[PDB]
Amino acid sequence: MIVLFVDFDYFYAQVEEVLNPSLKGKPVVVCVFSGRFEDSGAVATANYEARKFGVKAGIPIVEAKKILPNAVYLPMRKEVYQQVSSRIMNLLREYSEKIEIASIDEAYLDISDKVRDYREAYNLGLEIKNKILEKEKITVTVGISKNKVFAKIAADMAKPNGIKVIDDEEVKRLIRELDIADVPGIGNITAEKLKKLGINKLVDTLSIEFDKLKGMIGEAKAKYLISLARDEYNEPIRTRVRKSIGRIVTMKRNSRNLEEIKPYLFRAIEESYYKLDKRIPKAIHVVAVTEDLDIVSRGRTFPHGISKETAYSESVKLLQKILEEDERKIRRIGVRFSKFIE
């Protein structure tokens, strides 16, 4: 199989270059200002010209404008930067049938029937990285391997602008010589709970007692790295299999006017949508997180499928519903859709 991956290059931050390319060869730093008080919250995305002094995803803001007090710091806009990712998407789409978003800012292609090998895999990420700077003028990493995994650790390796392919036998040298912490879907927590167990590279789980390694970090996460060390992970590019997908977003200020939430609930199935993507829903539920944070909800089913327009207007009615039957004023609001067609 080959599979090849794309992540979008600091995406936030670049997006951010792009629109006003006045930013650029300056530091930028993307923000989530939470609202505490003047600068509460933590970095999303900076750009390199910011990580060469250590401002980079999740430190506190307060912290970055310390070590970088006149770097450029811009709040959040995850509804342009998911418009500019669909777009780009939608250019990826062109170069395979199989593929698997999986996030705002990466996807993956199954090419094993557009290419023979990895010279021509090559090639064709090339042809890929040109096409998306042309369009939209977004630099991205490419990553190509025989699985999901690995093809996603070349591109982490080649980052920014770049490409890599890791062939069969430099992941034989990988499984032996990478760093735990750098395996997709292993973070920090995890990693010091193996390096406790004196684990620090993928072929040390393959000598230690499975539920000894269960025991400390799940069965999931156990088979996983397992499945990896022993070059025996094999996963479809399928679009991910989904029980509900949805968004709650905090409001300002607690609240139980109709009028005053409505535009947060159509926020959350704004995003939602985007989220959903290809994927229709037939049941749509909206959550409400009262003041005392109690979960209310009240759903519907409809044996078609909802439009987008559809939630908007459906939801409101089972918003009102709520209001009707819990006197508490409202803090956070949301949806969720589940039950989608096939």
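Residue numbers count along the first chain shown, from 1. Throughout, rigid core stands for the largest set of C-alpha atoms superposing within 1.5 Å between the two forms. First, how it differs from the form deposited in another entry.
- For the residues 32, 59, 67, 283, superposed on the rigid core between the two forms, a C-alpha shift of 2 angstroms or more shows up only at 283.
Okay, that's the form deposited in one PDB entry, but what's the structure of the form deposited in another entry?
All you get below is the one chain by itself.
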């Protein structure tokens, strides 16, 4: 099993750079504007120029502007980035049928039947990099290992505009020296627990008990690290299908008033149905973010597809249902559709 993983470098920011070459060299920050206050929202991605100074994904725009007042701040153009992504994803299919596309910017390729060793798995890697650079002007990072996780760790270590193989030795060598928060699927809320638990490196997942580990972080995560540590993990490359689509909006002011909210809910429906595009959902969930910032939802499943009219009808019923079971004032309202037919 030889796994080759491609992650596009600082994607949104890079597409912007390609589309506007004057942006070459300066800090560029792609933003999600929430719309409550002007400049309310979050940085989605910054190019390396901006990163260098602390402007990174997830931080408030206001914060980013305290650090780099004169950076170029742009709104997200998901529809412009997905064009480029879809094109590159097709380009990658010319190498492997078994291709697992995990995000707008990431794909795994099981290239076992295609190459004979890591040497010339590396060479197929460069052929992949160059072809993207010539075709799209986008630079990518290639990660290569025995399984998906390590192929990805390889990519992280080698970015941006890089290529890295991790053989069976390096795999053993990484099991004992990689920080735990650098393992894919392990984010902040998990990585901080293990700190207190004594766990820092991946090898530590056998330094102490399983019930001590499973007790804090859960069966599937505790198992996951163990199987990686024991050098056992091997999930196959699988074609992924989008499972759900939705849209959440922030209201101008918090409310419990059903009639004041309806316009926001109906707007979320309209955007969701534009996003669906001839995908027909069987389930709708109304999602409501509290004044306390807690996430509350209530859904419904149908034996059939949901016309936009039923969506309008049922969303209200579900909103009313959230109203009867909550005291607080709603800040953010949204809708989620799932269980597609066809």
